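Just the one chain here, laid out as C-alpha cells, in the form solved without this ligand.
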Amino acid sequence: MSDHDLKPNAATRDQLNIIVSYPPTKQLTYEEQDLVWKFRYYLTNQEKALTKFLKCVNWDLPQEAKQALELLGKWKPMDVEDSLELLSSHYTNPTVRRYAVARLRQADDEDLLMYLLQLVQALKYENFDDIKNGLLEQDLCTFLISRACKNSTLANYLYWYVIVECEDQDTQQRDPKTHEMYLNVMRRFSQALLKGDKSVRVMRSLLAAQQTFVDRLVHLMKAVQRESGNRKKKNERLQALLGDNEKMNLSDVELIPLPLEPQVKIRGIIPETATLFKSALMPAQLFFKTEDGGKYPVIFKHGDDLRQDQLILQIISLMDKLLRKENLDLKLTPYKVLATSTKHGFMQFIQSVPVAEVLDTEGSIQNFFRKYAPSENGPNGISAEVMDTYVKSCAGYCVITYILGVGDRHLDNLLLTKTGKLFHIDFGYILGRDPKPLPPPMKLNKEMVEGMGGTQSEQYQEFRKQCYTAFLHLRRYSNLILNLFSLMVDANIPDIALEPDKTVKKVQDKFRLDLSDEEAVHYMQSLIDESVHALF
C-alpha cells in the first residue's frame, strides 16, 4: 500500500524515459506531472529526472511541497548544468534555489567562469532583502562573492559584469529595485573583500586601479573624439596624450590586470603605435605593454554598447570549449570582449584581413592562401594545414551562426587569417534579425565555397562532414545552452529585449530536437545543399 517500492512496467517506463529527456523549456501536461509524481521514488535514481519532478510540485500547497523538499534531499544530486535551470524566474522556493547554488558549488572555477555572465543575471531572481540585509547556507550572491575572494579571475569578471549593471541608466528608471540590488551586490562584494586577508585586500585595490585606468582612458577618448581635424590630427592627438604620462598616466603604471584578459597583466599603453580606425564611430587600436615585455593589442570602443557582442562571443567561447571537450577543435577564434560600461568597452584585436579586402587585393580566398602559404604538393597549391584550418573553421562558424541565427553577413564581417582561420565579427543582428528581408537560414557565401576549392572538392565534403559532427555535438549540450539563454531573457540585449517571451525558442528550434541524430544529420546536409545550390 506503499510508494517507496513502486516499479513501473515497461510501457510506463518508456513513457517516463520520454518525459525525462524533454528539453528544460517544455511544460508537462497535467497527466504527465501525475505520472512523475506517482513514480517519484522510482525516479530518485535518475539525476536527470529531478528537474522534471520539481516542475510537478505545486508550491502553494504546503504538504507535498514539504514532501517535495524531502525527496530533493533524497534525490540523486543533479549535474551542474541542470542547476542553471533552477536559478531562473521560474523558481522561487528558497530551498530549491539554495539546492541549485549548492550544486553549482561543485563546478570548478574554469566552468563557473563560462557561466558567470548568466549567473550575474540570475541575481535578478534572488531575494533582494537577503542581499541588502547582508550589509544549503548560501544564496547565489553569497556563493558568487565567496568564489571571487579566492579566484582573482572570477573577481574581475564579477566586478565588471556587476558595475556595468550599476551603470545601466535604463534599469535605474524602469526597474529601480533591480538597480538597488546590483548596487547592494557591488557593496556586498567590496565589504567581503575588505574582511579578507592582505592578499585579498590587494586584489580589491587592483580592481579600483583598473576602474581608474579605464576611467582615464574614457577621458582620453572624449578629448580625442571632440577635436575637429582629420584622422591624422586626431591620431596625432591620441598619441600626444598617451605619451604624456604625468598628465594621463596611460603610458606607465604599476602592473595591473587587463580587464579584457585578467590573467594578463599590464604596465600601460605604447603611445606611438596607437591609432583610430577609419570606422564611423572612430574606435582606438591600443597596444598594451604586458608584464613579460610583450604587447597585447586591443580595440577600445567609446559611445557604443558591446553587451550584445559580449554575450555572443561568450556563447561562441562556450561552444568552442564544449566541442574541444569532445576532442573536436574546429579552429574557432572566440576573441575576448568586455563591456566596461553600457557605453564603452574593450575587445581583443586579431590580426586578420576581411574577405572583402582579400578579394579586392588578391582576387580570391585561394589566391590569398596561395600567396602566403603556398605548397607545390598541397590541395590547389596551398598548404594542407592552412586549408585544413580553413575547412574546419568554416564548418565551425557555419553551424554556430546557424544556431544563434546571426544576420547581416556581408564580406566585411567575415575575416580571414594567413593561417587559414575564418571567423565572424560584429553581431548586431542575431536570433533571426537581418537588415534585408527574408534572410536565408544558412549564412553561406560563394567566395567561401570557392576557397574550399569548389563544390567538387574533397575539402568541400570534409566541410560538410565537420558541419554534421559539430551540429550533433552541440545538440548534446542543448540543455546547457538553452538553460543559459533562459537566464538571459530579461537583459538589455536589444535582440533579446525585442521578444523576451520567444528568445529561448528561437535557439531551440535550430537544434531540431524533434529529429534524431540520423535525421538531424540529414536535415543539415539538406540545408547545406540548398544554400550552395541557391548561390549559383
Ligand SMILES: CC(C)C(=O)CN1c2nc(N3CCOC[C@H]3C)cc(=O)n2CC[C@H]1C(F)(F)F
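What we label the rigid core is the largest C-alpha set whose atoms superpose within 1.5 Å from one form to the other. Positions refer to the first chain, counted from 1. Compared with the form deposited with this ligand bound:
When both forms sit on the same rigid core, the CA shifts between the two forms reach 2 angstroms or more only at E64 out of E64, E499, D509, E47.
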Second form
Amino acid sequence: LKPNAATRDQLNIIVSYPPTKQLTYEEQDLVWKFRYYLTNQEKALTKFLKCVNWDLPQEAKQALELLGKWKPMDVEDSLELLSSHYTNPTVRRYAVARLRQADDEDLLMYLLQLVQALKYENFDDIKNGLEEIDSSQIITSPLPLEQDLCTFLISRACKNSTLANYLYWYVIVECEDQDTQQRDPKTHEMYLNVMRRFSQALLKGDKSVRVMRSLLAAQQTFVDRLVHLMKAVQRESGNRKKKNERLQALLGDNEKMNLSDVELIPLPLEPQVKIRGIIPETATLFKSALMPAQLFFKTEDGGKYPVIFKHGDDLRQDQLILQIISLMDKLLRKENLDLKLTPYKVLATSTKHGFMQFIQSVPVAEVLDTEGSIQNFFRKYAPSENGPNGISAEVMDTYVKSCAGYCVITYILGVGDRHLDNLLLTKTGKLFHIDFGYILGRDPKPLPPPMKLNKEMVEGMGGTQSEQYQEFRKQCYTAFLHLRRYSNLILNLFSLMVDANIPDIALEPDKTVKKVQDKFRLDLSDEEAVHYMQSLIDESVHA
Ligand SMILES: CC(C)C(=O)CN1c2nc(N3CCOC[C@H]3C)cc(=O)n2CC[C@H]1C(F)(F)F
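Since we've got the form solved without this ligand here, give me the form deposited with this ligand bound too.
After this comes the whole thing, all chains and molecules, with the earlier chain placed first.
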C-alpha cells in the first residue's frame, strides 16, 4: 500500500518508459502491486492500464476503479488509450473525456490520427447514432465519460469551421479507400456512418452550422469538377503545351466548368483562406510524368494562393509527414525556437488526388546550376556589405536555422531519396525538403545515410570553420533535446497510424513506431544526446 525508497526508483523507471515499450511481467507485477500509491502520478496511469488483462472480468473491474481514482492524465497521454490495444468502452470514454480538455488548435494537430483511431471504436454505437451509398454524395445530397470519439469529433466540428473542413476531407478519403472497402467492410460501413452522422448533425444546427454543410458541399462539388478537368487534360493527346492550352481553355469556360468564378468557399487545403475560383491563364502542368497542375486560386482579399493539384497519386504519406513537420515546428516554437521551417499544407481529397501549398522556392540543384553555389545565389538575391560573406545576416540566420531544423526532422522521420531536386531554397534564406515517398528508413538505393547533409549545404553556411557552422551544430542538438521531450506525444500519434494505409507504414506496421523511437535515442541522457547529434553531423560532412 506504500513503497520504500528502493522500489520508488524502479517504479520511476517504468513510468519514464516510452509509451510503445513492452513492459515485462516483473515490471507489470510491480505496477499492479503499488497501483494505489501511483494514483498521485498522472504519468503512471498509462503504464497501469498496460498491465491489465481486460479479458479477465476481475482484472478489468479492479483496473477501472483505479481509473476514476487516478490523477487525471495529460492530453498527449490520452492518445495511447485510443489505439488498437484498448477495446474497453470505459477506457476509450476516459481518453475522450481527457481529449475534451484540449484546445481546438491542439485538436487539429492530432485530428489526422483521431480519424484513424475511429477504426478501433465501437461500430454499432456509431450506427445507433443515426436518427451503394456514394460517400462524396452524402454532403451534396441533403434530405429535407458519456461521449465517444465519433460523437466528440462531430460536436467540436459544429462549433469550429476549420475543424469541420479537415474532419470532412479526412473522413471522405477514408470512405474512398478501396483497400479498406475490399479488405475491411465493417470499417468502411463505419466511416460512412461517421459522414452520415456528421451530415445529420450539421442539418440539426443553427443558421451557420447549416451553412457549414452547404460550404462543404460547394467544396466537394468544386474538387469534383477539378478532378473531371484533370482527367480531360491528362487524356489530352499532345505535348505539355497542348495539355496546358486545354487546361487554360477549360478553366476559362466558367459556364461549362464553374471553376474560375465561384462564390466564397473555403480552400480545402487551408479553410481559413476563402476562394473566388482559379485564374485560367497562370495554370500550367509541371513537367513531371504524374501530370500535376500549378493552380493560382483567387482569394477573398485579392491575394493569389498557388497550389499543386495532383491527380492519379496517393498524397497520404506526404500528408502525414507534413502534418508531423507542422507539429514538430509548433512544439519547437512553443519551447521558444523558430527555425524558419516550411510546414506547407498537404490535403488528400481522395486516395487518388489532393492539394499541396505551393511555396515560391528554387531546388538547391538549380540554385547550384544557375548561380554556382548557395552563397552565390544568396549574394545575388540578398546582398549585404557588412553581412557574412556578402549575404544579408537575416538570410544567413534563416539558412543556418532551417538547415538545423530539417536535418533533425528528416533524421527522426528517416526521410530517404534526398537528392538536390527534393531540397528547396528561398531568397529569404529558408531551406526545406519536399516529395516524401521514402520515409522511416526507406530508400531507392541500398545503405542510405541517417544524417541527410551535403558538401554544398555546409559551403552555403561558409564552410566548416565558420561561426554559422557552430550555430548550425548548436541548433541541431538543441532541436534534438526538445523533440525528445515530446516523444510521448510523437510516438502515440505515429502509434495511431499503423493501419492508415501509408506505404512505408503498411510495409512493417508492427515495427514502424520503434523506427521513430530509436531515432530519438531515449537510452541516452540529454548530454550523450548532444554528443551523438554532433557525431551524426560530423560523420555526414566528412563522408
Ligand atoms: C518546385 C518544383 C520544381 C517541384 O519540385 C515540383 N514538385 C513538387 N513540389 C513540391 N512543393 C513545391 C514548392 O512548395 C512546396 C511544395 C508544394 C512538393 C512535392 O511533393 N513535389 C513533387 C515533385 C514535383 C511535382 F510537380 F511533381 F509535384
